[PDB]
Structure formats: C-alpha cells, structure tokens
Amino acid sequence: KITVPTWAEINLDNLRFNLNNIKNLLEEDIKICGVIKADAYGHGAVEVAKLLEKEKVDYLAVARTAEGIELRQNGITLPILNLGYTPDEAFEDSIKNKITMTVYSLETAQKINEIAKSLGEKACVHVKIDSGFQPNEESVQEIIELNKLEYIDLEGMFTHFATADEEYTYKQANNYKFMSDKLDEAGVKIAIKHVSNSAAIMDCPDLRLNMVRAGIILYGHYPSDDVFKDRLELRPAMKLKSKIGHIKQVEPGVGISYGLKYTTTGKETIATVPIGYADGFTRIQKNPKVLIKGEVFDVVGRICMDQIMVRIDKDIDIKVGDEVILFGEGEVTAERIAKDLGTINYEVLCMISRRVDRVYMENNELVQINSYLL
Amino acid sequence: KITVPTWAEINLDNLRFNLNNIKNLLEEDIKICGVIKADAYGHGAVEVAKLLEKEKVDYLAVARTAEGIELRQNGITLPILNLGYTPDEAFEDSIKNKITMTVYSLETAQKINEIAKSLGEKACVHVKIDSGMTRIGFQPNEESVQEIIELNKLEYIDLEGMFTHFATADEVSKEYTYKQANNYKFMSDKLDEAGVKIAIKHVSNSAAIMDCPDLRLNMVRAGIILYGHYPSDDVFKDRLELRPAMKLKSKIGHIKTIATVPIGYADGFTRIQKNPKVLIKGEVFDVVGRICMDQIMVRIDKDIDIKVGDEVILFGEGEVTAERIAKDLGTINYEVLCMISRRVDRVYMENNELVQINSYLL
Numbered sequence: 003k004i005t006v007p008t009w010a011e012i013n014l015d016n017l018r019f020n021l022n023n024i025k026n027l028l029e030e031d032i033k034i035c036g037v038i039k040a041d042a043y044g045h046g047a048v049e050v051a052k053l054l055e056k057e058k059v060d061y062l063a064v065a066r067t068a069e070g071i072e073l074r075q076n077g078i079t080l081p082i083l084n085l086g087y088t089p090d091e092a093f094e095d096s097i098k099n100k101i102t103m104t105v106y107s108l109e110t111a112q113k114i115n116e117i118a119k120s121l122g123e124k125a126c127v128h129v130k131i132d133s139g140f141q142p143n144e145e146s147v148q149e150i151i152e153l154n155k156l157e158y159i160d161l162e163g164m165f166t167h168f169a170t171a172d173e177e178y179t180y181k182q183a184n185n186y187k188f189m190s191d192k193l194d195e196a197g198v199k200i201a202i203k204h205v206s207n208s209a210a211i212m213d214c215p216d217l218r219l220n221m222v223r224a225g226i227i228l229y230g231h232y233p234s235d236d237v238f239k240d241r242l243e244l245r246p247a248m249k250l251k252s253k254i255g256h257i258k259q260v261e262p263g264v265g266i267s268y269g270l271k272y273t274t275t276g277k278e279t280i281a282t283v284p285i286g287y288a289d290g291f292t293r294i295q296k297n298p299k300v301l302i303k304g305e306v307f308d309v310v311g312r313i314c315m316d317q318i319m320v321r322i323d324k325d326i327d328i329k330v331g332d333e334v335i336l337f338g339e340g341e342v343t344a345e346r347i348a349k350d351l352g353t354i355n356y357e358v359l360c361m362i363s364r365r366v367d368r369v370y371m372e373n374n375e376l377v378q379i380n381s382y383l384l
Numbered sequence: 003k004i005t006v007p008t009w010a011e012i013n014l015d016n017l018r019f020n021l022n023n024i025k026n027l028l029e030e031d032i033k034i035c036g037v038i039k040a041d042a043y044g045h046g047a048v049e050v051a052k053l054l055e056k057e058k059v060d061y062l063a064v065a066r067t068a069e070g071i072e073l074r075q076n077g078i079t080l081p082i083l084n085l086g087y088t089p090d091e092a093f094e095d096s097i098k099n100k101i102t103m104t105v106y107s108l109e110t111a112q113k114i115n116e117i118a119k120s121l122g123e124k125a126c127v128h129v130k131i132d133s134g135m136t137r138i139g140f141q142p143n144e145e146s147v148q149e150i151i152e153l154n155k156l157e158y159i160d161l162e163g164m165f166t167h168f169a170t171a172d173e174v175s176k177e178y179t180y181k182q183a184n185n186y187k188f189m190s191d192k193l194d195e196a197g198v199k200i201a202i203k204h205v206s207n208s209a210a211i212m213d214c215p216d217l218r219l220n221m222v223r224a225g226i227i228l229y230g231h232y233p234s235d236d237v238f239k240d241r242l243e244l245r246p247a248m249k250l251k252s253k254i255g256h257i258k279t280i281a282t283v284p285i286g287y288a289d290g291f292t293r294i295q296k297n298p299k300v301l302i303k304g305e306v307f308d309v310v311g312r313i314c315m316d317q318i319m320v321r322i323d324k325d326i327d328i329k330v331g332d333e334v335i336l337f338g339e340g341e342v343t344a345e346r347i348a349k350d351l352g353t354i355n356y357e358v359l360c361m362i363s364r365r366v367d368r369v370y371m372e373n374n375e376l377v378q379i380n381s382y383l384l
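Chains as they are written, first to last, in the entry's author numbering: chain B, 3 to 133, 139 to 173, 177 to 384; chain A, 3 to 258, 279 to 384.
Treat the hints as calculated values from the structure; they're not laboratory data. Incorrect hints may appear among the rest.
To be verified - Dumping the calculated SDA-like pairs for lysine to any residue here, alpha-carbon to alpha-carbon at most 20 Å:
| # | chain 1 | residue 1 | chain 2 | residue 2 |
| --- | --- | --- | --- | --- |
| 1 | A | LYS181 | B | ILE328 |
| 2 | B | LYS271 | A | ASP236 |
| 3 | B | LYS299 | A | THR353 |
| 4 | B | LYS271 | A | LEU384 |
| 5 | A | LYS349 | B | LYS299 |
| 6 | A | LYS324 | A | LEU351 |
| 7 | A | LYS113 | B | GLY331 |
| 8 | B | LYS258 | A | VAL147 |
| 9 | A | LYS258 | B | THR110 |
| 10 | B | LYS130 | B | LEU217 |
| 11 | B | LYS52 | A | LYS181 |
| 12 | A | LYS3 | B | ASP90 |
| 13 | B | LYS303 | B | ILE257 |
| 14 | B | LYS113 | A | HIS256 |
| 15 | A | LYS181 | B | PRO262 |
| 16 | B | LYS299 | B | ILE328 |
| 17 | A | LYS113 | B | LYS52 |
Bound-form chain B, shown alone:
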C-alpha cells in the first residue's frame, strides 16, 4: 500500500499532542499562529494545515506567496500570513488569494494599496519592526500614514527574536514596546500584536501579546537545549523510514561504496538500504546511523545518491524488505544528525526530498499517502 521504498511517516496525533500542550501554556485569549513555512518544515504544509484547521488555530504562517497559494488551492480557509518577502509582481496574487503580507516600508504599502484599489479589495498587512521598520519616531509617523491608506487593512505588528532560544531578547522587546506605545498614543488600532516564536513561547511568559507563533515546537522539536523543556512536553511527528534492499555476507578485506572508503575487517554482514543523499540523507554526515529492530547500526562507506550500506554486527532476524528507521524513533533523531553535521534540527527536517512520499498516520492507521511525483 506504500509502494515507495523510502518514505516519511507523519504522525498527526503527535501534532495534536504538541499543540494541546502548547495551548495549556497559554491563556484562552491568546491566539495561535501555526508556522508551516517550508512545507511545514518538511511535514507537508497542506496536510498539516488541514489538521490545524480542525484544531481551530487562528492563523497560519508561510514564507512564500506560493506556499500560501498552495494552501488556497487545497481548500484551506484560515487566515494566512506571509512572514517573508513579497515581491512586487506578486502583490495581486496575494490579494486575490487572501494572503496577509508583511510590509517593511511605507513606500511598499503604497504600492500594495494601489493594487488593492484596482481590485476593489482591502489588502490585509502586518507591519514588521526590526528590533523592517526601525524602532524610532520616524517610523512611527510612517505607520500612522500607512494606516490612512484606503485599501490597506493594517491588522498586525510584529518583530522576531534573534536569541530567544539562548536579555538581548528583552532589548528587542523594548524596541517593539517603543513602537506599540507611540502608536497607541496615536490611536492606530493594531488588532494583532505578536512577537513570540517557539523559544519565547516557552521561556518568556510576559511576551504573549495578542498571538504567538508556534513553529518547531508544533512539529515536536525544541528550538535549543537551553529553553525550559521542563516547561513543555513534545513528541516528534516525523519518522524517516526505508526498507532493506539487499543483504549479503562480505568477505574480509573488501572495499565498499564509491572511493572504497570503508574496508571490511572480518566477514561482515552488509545490508543495502534504498535511501541516499538525494532523499535528504546527506552525504556530509561523518557518523551516519540507522535503526533496525531496536538496534542502531553504522552506515558504512560513502553515502550514495539513492543508496546506503549498513553493517549488521548484531544477531537479529532480518530479511529483504524489513523496515529501517533513519530518524524519529529511539536513538536516531534529527538532533543527532544535526549535531554530527554542525547544523540544527530545522535543517534536517527541511532536507527531506520531493521524492520522499509523506505518509500520514492517525489513530495508528495510515490515512493518507502523498506523492509529490505522481
């Protein structure tokens, strides 16, 4: 029923579990924006969006106009915020698809306004403060003007923390206050003020404002080791899986894979797994591992584009087509791969390729298989 040899299994109940724990943290009056940029950090933005919709979150965030359109094309009705850059030639598509756009300057708000005027639609925007608009009086007047524009709905105001996962944050926090304050003095309403990312949500309870932006934590992962984990319980939602393609006993003294960078010592059982660097299992890894029936085993030799080799050095019952876990259970994790790489968990999650089908589970049953090729 899964006909692909390598897939990403996404447990939807884990997303629910994570979100419910997030919600416990917050007062009822604080809105949640689920951050689903970069294909929901590799989990599949459309399917994740559908779930978030069921679960009644308030906003969804994306990084690209297309990511938003993709959502509209799939029946998503929630408000959507493009956190990232909107190029000028995409203003109209945004307005037509009801994508809230982030704006950094008065000038650009004016461009947007003119476009919405011709569509006869008010364009919803959030203003970004860089703590974007510098936090100063000159900007304060700029916004006051922006708000005058006939075809702009200035719904939101936000900033983003550099270091909430490690206070500089609270410096950044000050600047935004300087903003929120001056704008109040002037009666500019701003329905949604938001500043909190995942780390802030966790460590910084004073920073709830009108909404929080929940990203890495929705997926079941921590933004760093530093945050108060004790605070929030998480379950990772993705498992990268494969099957055993082949097995053989290799004689001693035999090179394996390209460049022959691993040489057998002793007669070794070697398994071949149909996952590679083109799947997002990067060649860069110095110490790659897999989980097979509760055991970790080393990946040996260079990682190929579509295949890897594994030394089975334990007694276990295995055959061709047995399941292999690459990350998300036991001791194989995205954090571990990330640490070996010298990068972060977010990146490992994002790397997972186009050809890797997302298989959605719910109530421990497979409910949906998404192919990006077919």
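Fit chain A to the known structure of chain B by using the hints.
Here is chain A on its own, set in the frame of chain B:
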C-alpha cells in the same frame, strides 16, 4: 512571468551541447542511456526526459519506480531502467508501466515472474552484477552463473540486459576499474558459453565514458556529464567539453551595505556552508551571518550600484559554481545539484527565451 523570488533556470541548449559532445565521443552503434534519477539531478526529470527523446537516446535510467511512473504520466515512451531496488509492492506497477527492473537474486526474479504471469505480460529485467562496488547485484561466481541461467528460463521475464557499476572510475588509477570489468567479463563469458543471449550489456558511467574507451560494450550510462559537470577533477577533462545547465537564482529583496536575498537553507542552500558566496553584477560577495531558513544576508563591498531586484546568482555563472559550494562543504557537485528544494521553480530556457515554468507547488 517568473513569480517566485527564487528559481532554477535550466538551459536546454546546454543539455544539447553536452549530449552532442558525448555523442562525438562514441561510435555510431553504442547506445546511450541518459541517467535522470533524482529528478534529473535536480534539473527536472520530465523536461530533461522530453529533451532526451527529442534528441534520440536509447534508454532512460531512474532510481525508483515512482521516478519511472512520473515519466510515463508525462508521455515519455523511451525505455526506462530502474537502476536499483524494486520492492515487492511495486512489481505490478512496474510491469504495467514498462519500467525495466534491476534484478540481483533469483528469488526476486521468481516473484517478478509470478506477478507478470498473473498480469499476462512479460517483465523486462536487467541483471546486476556486483563486481566490486559491494552495493547491489549478484556476486561474480559460478553459483550466480547458474542462477542467471535459471532466471533466463522464466517464461514471463525478458532478460534484456546485464550490467555492473564502477566504484572508482573517476580516480587517476584505473586498476580497480579494470579489475571490476574483469569480474563482469567472467560473467559475460560464462553466460555466453551457456547460451544466455543478453542484448544490452553495459558497464560505463560518466567517468568510464570519458576515461575508458575500451569499456563501451553495448551501451553507456551518462549522468553527471549530461548536466555539464565532471565526475571528479581527475578525469580527462580535455576529452569532453561541458556546459553546466542550471543556474540557481534569486533577486535582491531589501537593502540597507547589506542586501537581503530571499533564499535560504529551505531552498537547499545549505546552512552548513562556511564560506558562502553570491554573484551580483559580475562580482562576488560574501554571505554574512548564519544562513536562514528563507533568507540570507549579503555584504556589498564594492561600488557597482545594486538596487532591489537585481539578479543574484547562487551558482552556474562565472566563478560561482556547484563545485565551489561542494569544496566548501566537503561534498560533491552531484549533491549540491540534488539539493535544490521543491519550492524552487524550474524555469526552462531555450534560444535565450523562456519556454516553460514548472512549479512543484501549484
């Protein structure tokens, strides 16, 4: 008419340039297999495949059944070979879609034969020999010869082909490569003796194609070279002149001197990079700070007057190359190419005009 902030421009003319130069290497009767696995090494398998049909190659090679099916769904009619593993669950789809399957055990062949019999269709297979890569395939011994002899008897199987793959054909020393070919020859000779016919015999990859003209046999497998890239720095690059086909591009989004560019690690411009660079207006600039998920910051330290929307080239022009990122990362050009994410639209060019845009999202 491009609406995305970051895109991959694929120059079809360059694919043609590469292919023709590859053809010039070869005598008339040697078959060409175009290797388009991993979405044609990030270039877009469907479009590349269409180009290959138009230019008339003999075979297409994929790594997964689904890769084969995608091509069929877009009207590709050339023979397609799945180089690697086909799991049991995909046998029927393979047969129905005329995806030729790599086989390396009699047992799987028997299973394939059964599914095929039930469909009432013959399955096409190529036999893989493990000659020293130690990856997949039959060990090169007599027991395996017998096994193949038996396989050949299966009524619902067409044993079309037999191949191996070199571990080291791109290195300066060819000794292992020749050793691997010797291992293949033993099998080929023994089977010939036993009367197993075998139409398409193949061993050569891009490096073998370049460096080993004595290894043509029936067919050669061209991959990285198709895309205008060398397999290593050690091949005889003077034999084959190549043009890279892909340019990864963005445009300047914001300026303050630091330009912010809306490309990030999520696009496959990896964070791991310690010396990331970009090309703007003919000059190279440093990417500063950490690479973000969706953007990077660039330092403009020269006086050409960049403005918002000027083009930024990540690789494929001038001094910014896939190889240069690869050097930095301790990987290879193949991986950098494969890295480009689903959200990065593939924009196809020909005669310096845009002829097609593919969105993987919309």
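We went through each hint and held it up to the structure:
1. Of the supplied pair hints, the one linking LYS181/A and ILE328/B is violated, its CA atoms being roughly 32 Å apart against a limit of 20 Å.
2. In summary, the hint linking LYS271/B to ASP236/A is supported, as the alpha carbons are separated by about 17 Å, within the 20 Å threshold.
3. For the hint linking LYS299/B to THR353/A, the alpha-carbon distance of about 19 Å falls within 20 Å, and the restraint holds.
4. With a C-alpha separation of about 42 Å, the suggested pair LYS271/B and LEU384/A falls outside the 20 Å cut-off, and the hint is violated.
5. Note on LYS349/A and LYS299/B: the hinted pairing is violated, with a Cα-Cα distance of about 24 Å set against a maximum of 20 Å.
6. Proximity of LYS324/A to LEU351/A is assessed by CA-CA distance (about 26 Å); at most 20 Å being required, the pair is judged violated.
7. Restraint check for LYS113/A and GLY331/B: the C-alpha separation of about 14 Å stays at or below 20 Å, so the hint holds.
8. For a cut-off of 20 Å, the pair hint linking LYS258/B to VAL147/A stands: about 17 Å separates their Cα positions.
9. Note on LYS258/A and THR110/B: the hinted pairing holds, with a Cα-Cα distance of about 15 Å set against a maximum of 20 Å.
10. Annotation: proposed proximity of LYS130/B to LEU217/B holds, straight-line Cα distance about 16 Å (limit 20 Å).
11. A C-alpha spacing of about 56 Å is found between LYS52/B and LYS181/A, which places the hinted pair above 20 Å, so the restraint is violated.
12. Of the pairs offered as hints, the one joining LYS3/A and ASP90/B holds, with about 12 Å between alpha carbons and a cut-off of 20 Å not exceeded.
13. About 15 Å separates the Cα atoms of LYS303/B and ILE257/B, which keeps this hinted pair within 20 Å; it holds.
14. Taking the CA atoms of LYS113/B and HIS256/A, the gap is near 15 Å; set against the 20 Å cutoff, the hint holds.
15. A C-alpha spacing of about 18 Å is found between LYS181/A and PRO262/B, which places the hinted pair at or below 20 Å, so the restraint holds.
16. Annotation: proposed proximity of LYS299/B to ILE328/B holds, straight-line Cα distance about 17 Å (limit 20 Å).
17. A distance of roughly 40 Å separates the Cα atoms of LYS113/A and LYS52/B; the hinted pair therefore is violated under the 20 Å criterion.
Hints 1, 4, 5, 6, 11 and 17 from the earlier list are contradicted by this structure; the remaining hints agree with it.
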